[PDB]
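*Asks:* Spelled out, the chains give:
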Amino acid sequence: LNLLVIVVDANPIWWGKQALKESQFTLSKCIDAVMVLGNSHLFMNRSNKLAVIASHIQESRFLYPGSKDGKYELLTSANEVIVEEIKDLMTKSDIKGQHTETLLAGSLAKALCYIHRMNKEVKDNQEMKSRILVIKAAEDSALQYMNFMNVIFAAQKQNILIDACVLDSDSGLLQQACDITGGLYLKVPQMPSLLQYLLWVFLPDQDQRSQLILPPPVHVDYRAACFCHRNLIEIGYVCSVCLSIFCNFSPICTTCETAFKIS
Amino acid sequence: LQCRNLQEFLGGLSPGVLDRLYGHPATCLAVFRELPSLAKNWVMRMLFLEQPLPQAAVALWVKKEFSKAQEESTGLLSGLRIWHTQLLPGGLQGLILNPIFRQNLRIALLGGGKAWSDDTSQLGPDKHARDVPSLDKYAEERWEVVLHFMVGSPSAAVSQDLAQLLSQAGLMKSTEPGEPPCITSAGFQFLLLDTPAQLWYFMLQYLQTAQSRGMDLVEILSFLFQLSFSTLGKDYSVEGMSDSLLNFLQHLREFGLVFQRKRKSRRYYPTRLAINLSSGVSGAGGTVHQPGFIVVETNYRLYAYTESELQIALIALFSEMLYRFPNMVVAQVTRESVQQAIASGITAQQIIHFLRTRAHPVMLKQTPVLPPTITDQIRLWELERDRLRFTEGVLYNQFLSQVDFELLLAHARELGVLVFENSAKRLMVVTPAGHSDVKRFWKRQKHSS
Amino acid sequence: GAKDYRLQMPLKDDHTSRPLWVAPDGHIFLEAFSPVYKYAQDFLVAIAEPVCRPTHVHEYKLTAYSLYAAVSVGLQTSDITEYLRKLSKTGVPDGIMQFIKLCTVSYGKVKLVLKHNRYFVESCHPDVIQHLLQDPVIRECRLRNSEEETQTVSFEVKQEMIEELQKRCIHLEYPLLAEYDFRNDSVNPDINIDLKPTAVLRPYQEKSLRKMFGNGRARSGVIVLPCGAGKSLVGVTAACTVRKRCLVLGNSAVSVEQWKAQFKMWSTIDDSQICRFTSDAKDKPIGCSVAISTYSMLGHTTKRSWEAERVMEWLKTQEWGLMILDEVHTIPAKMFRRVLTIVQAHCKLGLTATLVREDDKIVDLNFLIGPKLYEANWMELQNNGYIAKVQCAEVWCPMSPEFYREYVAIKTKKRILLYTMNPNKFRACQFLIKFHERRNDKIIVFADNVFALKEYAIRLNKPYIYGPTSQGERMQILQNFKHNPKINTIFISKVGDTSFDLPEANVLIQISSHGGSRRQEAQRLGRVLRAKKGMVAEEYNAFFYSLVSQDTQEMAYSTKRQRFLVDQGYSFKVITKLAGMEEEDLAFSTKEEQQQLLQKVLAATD
Ligand SMILES: [Zn+2]
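Protein chains in written order, with the deposited numbering: chain 3, 8 to 72, 95 to 292; chain 4, 14 to 462; chain 6, 57 to 202, 262 to 721.
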């Protein structure tokens with residue numbers, strides 16, 4: 008009984024640039040790889056459950072919610110419902126200047142509560158292991174960091190491992206999320222070969238992962254920049270009232286607007 | 014009963030016969046579930062890659078600590094023929110998934126040429142559809158009928174086809190004019206054995222006599238895998254099944270594994286027994302088929318709160334019953350009653366297991382009630398039987414030099430006619446039937462002098 | 057071997073609120089787990105006598121004598137049947153109900169009243185007395201030429276013929292009812308006896324005495340009670356409750372002293388006046404009135420006159436209280452009838468733990484001493500902590516091969532001696548002594564043969580007490596073991612008496628099971644092993660070991676012991692191997708030493 012939840016950050020602008028590039032890898036290919044990985048996860052154990060979620064620029068949609098070709102009926106039905114959901118969301122998009130980048134944090138927050146309701150539905154006597162697979166092609170957002178950090182803490186409190194694979198560029202928010210959860214972090218050099226990477230590391234259960242040799246998660250550096258002048262400092266004074274990093278000591282703290290008490 | 018677990022029967026099969034079993038997509042899914050996680054994950058990894066993978070690469074993937082566990086799984090795959098060695102030009106030898114097994118797993122995983130084992134043209138509502146609770150009752154009653162032949166009750170309504178299978182199985186033996194049914198010692202042990210294990214043993218006996226019938230062993234095995242995964246809510250179509258499968262379905266109705274509204278009906282209803290059938294005991298202290306109804310006491314008093322003729326007969330064989338009432342049956346585990354069970358032929362461990370399997374919930378979690386004090390006495394009676402051994406033995410005399418006797422002992426030991434070395438006393442324990450061969454060797458020793 | 061009572065009892069779906077199964081044979085099964093069981097158990101004790109008492113399910117079989125005791129209490133016939141219906145899972149059989157009706161038809165078929173120390177028989181109906189008079193034996197024994264009496268017919272009955280009348284009454288199906296009137300006995304003087312307020316009284320003992328008194332005058336009853344565990348207290352408390360001079364009979368001389376010791380603390384009357392018939396103290400016998408005697412054993416005929424004649428005469432006149440009996444099973448059959456002849460008591464009280472007395476199915480003295488009013492629960496006593504929860508382990512030792520060949524060869528008592536003197540059995544006892552020595556707990560060893568324990572004790576340099584020893588020397592060794600705080604292994608014979616002390620000790624080893632007095636061995640297990648501390652915890656310092664020689668058929672007695680154990684509630688286990696007896700330094704380990712032991716037994720005359 009293992010629950011695998013797959014969250015993909017889909018940006019129509021970024022995917023459209025990939026289509027303009029005419030590279031062999033496509034958004035359609037990425038979803039096909041996810042569906043093949045999902046069929047394999049259900050195939051290995053009947054008890055194992057698969058949930059697929061795609062994040063739109065302003066909204067998050069849950070894709071997952095016979096044997097015509099001799100394919101298993103449950104696998105065929107699951108793929109069909111996902112195919113209808115993905116096509117409807119991608120074909121129609123609303124362009125927003127304020128939010129040209131999809132919100133991974135909003136999709137992650139929806140996934141964590143969805144796992145929590147499913148865990149309550151699952152009987153206490155049976156034991157379920159919950160893991161999240163994240164594929165991100167969109168650029169990271171500085172504004173989304175505050176929302177993103179809270180979802181990582183929610184996963185840590187619920188003890189849900191987060192495993193993230195980045196198609197093009199590593200994201201600082203995404204790598205930090207994997208480090209806090211303890212989930213493996215991987216970067217895929219070849220986007221068409223992403224499915225093979227998913228099968229080797231993401232597909233195996235946690236007990237299976239220990240038995241096999243898998244590449245270690247990349248070490249994540251910790252960086253502290255004062256928000257006062259957006260400048261990185263090895264040592265930064267932190268105000269007690271507002272808990273905000275400062276490059277240099279300030280007699281009056283701008284972030285809370287209070288004046289520091291001087292003896 | 015040895016637990017095949019989709020492994021022992023598969024092992025030792027001809028590679029072509031294993032490929033024929035792999036021909037069905039459903040069997041490949043069942044084999045994939047049977048495979049251990051390390052082997053199952055590796056089969057999925059090699060499922061998408063045609064190229065054979067070298068042994069050195071296979072060793073590299075597993076950690077050195079877990080490499081030993083992988084080797085055992087790899088041996089199972091090679092025996093099952095799932096992995097066949099391919100000789101590369103380089104010294105390392107590639108390992109490639111069996112093509113028929115790989116294609117059928119691919120057909121289950123993704124769209125394939127095959128139309129699937131079960132096809133329904135367009136059937137929805139069923140006339141006289143069998144209810145799921147009624148199916149469970151029917152399955153229990155049919156198995157009781159097979160057992161009840163070993164009781165002599167009028168509830169034993171076998172179809173004579175089942176009776177012929179029982180004689181072939183050897184659980185029940187018919188001897189004397191009129192072929193009156195009798196219970197073999199193995200049959201008493203079979204009655205003691207749990208129902209899922211009993212079903213598995215009966216299926217193995219059916220496979221043994223299937224060759225004389227001419228029914229295909231692979232086709233019967235494929236149906237058995239379908240029965241294990243069968244769902245009571247789901248309904249399956251008789252049409253699309255081979256004539257041998259139709260004959261197997263009629264026997265399945267006698268077993269109670271499958272319920273047919275009509276023999277010629279094109280729709281059949283899966284039954285609880287088919288899902289229950291497996292190569293394993295249902296529980297050490299519990300039965301899936303029946304909730305525990307036997308109260309076990311160190312005093313040897315047994316109370317049964319469920320009234321059934323078959324259940325009473327099984328309780329009677331191990332323990333004589335002082336009183337009979339519908340609400341409660343009073344039974345005592347007398348030394349004489351256990352001795353009668355030994356005379357009929359029974360396993361002492363099985364009697365303890367039977368009491369534990371049907372033990373009352375209050376009895377569960379109490380250390381003294383589970384083992385009766387009589388078990389120590391049963392071991393003492395077994396020791397008395399072990400102490401006295403009967404076989405016919407011929408006697409040889411005038412052995413003289415010990416070395417000549419030792420040469421005869423080696424020949425006798427190979428024959429197995431010898432019971433004991435008896436090197437000093439120099440008296441032969443050779444059986445009279447094997448005496449002539451030993452005498453020929455002894456005469457040869459005299460000629461050699 | 058299977059009996060179906062489904063036809064006998066109609067099936068009704070009332071099992072949740074009912075813990076009893078009622079059958080025509082009268083066997084009844086009680087569920088211990090059910091809450092209603094406690095009320096059912098009290099009803100079962102009054103109307104039925106239990107063949108066995110397994111802890112998981114209590115077995116009670118209806119008995120006519122037990123039913124008669126309930127009729128003597130005055131329970132209504134309809135009420136007894138109604139209570140059975142309330143607790144019955146299935147409808148009560150009509151035939152069993154008819155059997156209950158006949159027993160409860162009259163509270164007393166014949167009523168016996170003591171007036172002026174004379175056993176007058178008084179009947180509400182004259183015809184019933186006429187039917188009793190019809191028997192020729194009754195006419196021969198009838199006393200002739202020796262008040263609101265409305266509807267009362269009274270004829271004087273000889274005290275000597277009273278025991279014979281009880282047997283004749285059973286033949287005529289007209290059982291006697293015991294009634295005592297204090298006002299009718301004008302000659303007897305009222306006296307005041309009060310139990311000390313400071314002295315503690317056990318609850319079970321108080322309940323049994325309250326039941327015996329019942330309504331108005333005390334009613335004769337036999338109470339099963341633990342022996343050596345407050346047994347003396349129940350009788351002395353009963354004497355205080357009666358407030359009339361009473362006599363206690365104990366076969367053991369030591370037991371008589373223990374009964375006196377319990378009496379001395381509560382009553383300051385004893386300090387002013389003390390008389391003991393036992394030991395011929397004879398101190399102010401007329402003035403003291405209360406006296407202590409030992410059945411007919413104390414009396415001697417032609418050995419002494421003057422004083423012996425006076426001692427017998429004083430007991431009858433001074434004491435008119437109900438007779439008290441202890442260790443009834445040890446007492447021989449007809450001894451009670453002899454005591455009844457020498458002194459006459461209005462009521463009879465019996466205080467012995469054993470359910471069966473004298474271990475004879477054919478001969479029972481229960482009818483002479485009256486029905487058993489109440490039975491103490493040994494499991495309840497273990498919960499109280501008054502008695503330790505004894506753990507019984509059976510150690511099985513193979514008969515020595517040299518010994519076995521002699522054992523089969525001779526059917527003489529010497530073969531029984533060879534079985535009793537088993538070297539492997541002796542090694543097991545020696546290993547048990549070593550195991551107890553490591554524990555440091557006090558250990559006692561008992562052998563059925565009088566000299567068998569002495570021979571083992573000489574080999575182990577251990578103190579031994581046997582039946583042919585001076586009482587003072589035997590008592591002094593017992594005082595050193597209990598009064599002095601020292602740990603040692605003591606070998607004890609039956610000694611013809613049971614000895615218990617205020618200090619409590621536990622642990623016993625049984626060398627052999629061939630003893631003729633099977634009940635005495637069963638009583639010894641309860642008397643010898645006592646709780647180390649009051650309100651003892653579930654962990655037990657009491658360990659009982661039985662040594663069984665294989666192939667000597669010693670197991671047959673062990674099976675009988677298990678039936679006694681289930682009623683006690685004592686934990687029972689069997690160990691074929693001591694798992695370390697062989698790995699120990701023990702005497703007679705070598706086969707040659709065992710052969711020397713075999714030669715010595717053969718040399719000794721049978
Ligand atoms: Zn601040």
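I should point out that these hints are in silico values taken from the structure, not numbers from a laboratory. Hints are supplied without guarantee of correctness; some may be wrong.
Beta-carbon label-pair distances, calculated as ranges [unchecked claim]: (1) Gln185 (chain 3) <-> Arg17 (chain 4): 18 to 28 angstroms; (2) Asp389 (chain 4) <-> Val523 (chain 6): 23 to 33 angstroms; (3) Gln185 (chain 3) <-> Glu698 (chain 6): 52 to 62 angstroms; (4) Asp666 (chain 6) <-> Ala446 (chain 4): 54 to 64 angstroms.
Which bits of chain 3 does chain 4 cover? Going by a derived footprint, with three or more residues having C-beta under 8 angstroms, they are [as the list claims (entries may be wrong)]: (5) 13-20; (6) 172-185; (7) 200-211; (8) 259-273.
Yeah, the Cβ is synthetic: ideal placement off N, Cα and C, and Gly gets one too.
*Asks:* Note whether the CB distance of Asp389 (chain 4) and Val523 (chain 6) lies within 23 to 33 angstroms or breaks it.
*Replies:* At 26 angstroms between Cβs, range holds.
*Asks:* Are there at least three residues in the region 259-273 of chain 3 whose beta carbon sits under 8 angstroms from a beta carbon of chain 4?
*Replies:* violated (count 0)
*Asks:* Lying within 52 to 62 angstroms: is that true of the beta-carbon distance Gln185 (chain 3) to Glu698 (chain 6)?
*Replies:* Once the Cβ atoms are compared, 58 angstroms apart, the range 52 to 62 angstroms for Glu698 (chain 6) and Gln185 (chain 3) holds.
*Asks:* Are there at least three residues in the region 172-185 of chain 3 whose beta carbon sits under 8 angstroms from a beta carbon of chain 4?
*Replies:* violated (count 0)
*Asks:* Apply the coverage criterion to the region 13-20 of chain 3 and chain 4: a residue qualifies when its Cβ sits closer than 8 angstroms to a Cβ of the chain, and three qualifying residues are needed.
*Replies:* Violated - the region 13-20 of chain 3 has 0 residues with a Cβ nearer than 8 angstroms to chain 4, which falls short of three.
*Asks:* Is 54 to 64 angstroms a correct range for the gap between the Cβ atoms of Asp666 (chain 6) and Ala446 (chain 4)?
*Replies:* violated, 37 angstroms
*Asks:* Can you let me know if the beta-carbon spacing of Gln185 (chain 3) and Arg17 (chain 4) is within 18 to 28 angstroms?
*Replies:* violated, 45 angstroms
*Asks:* Can you confirm whether chain 4 covers the region 200-211 of chain 3, using C-beta to C-beta distances below 8 angstroms and requiring at least three such residues?
*Replies:* n = 0 at 8 angstroms, threshold three: violated.
Checked against the numbered hints above, the structure breaks hints 1, 4, 5, 6, 7 and 8 and satisfies the rest.
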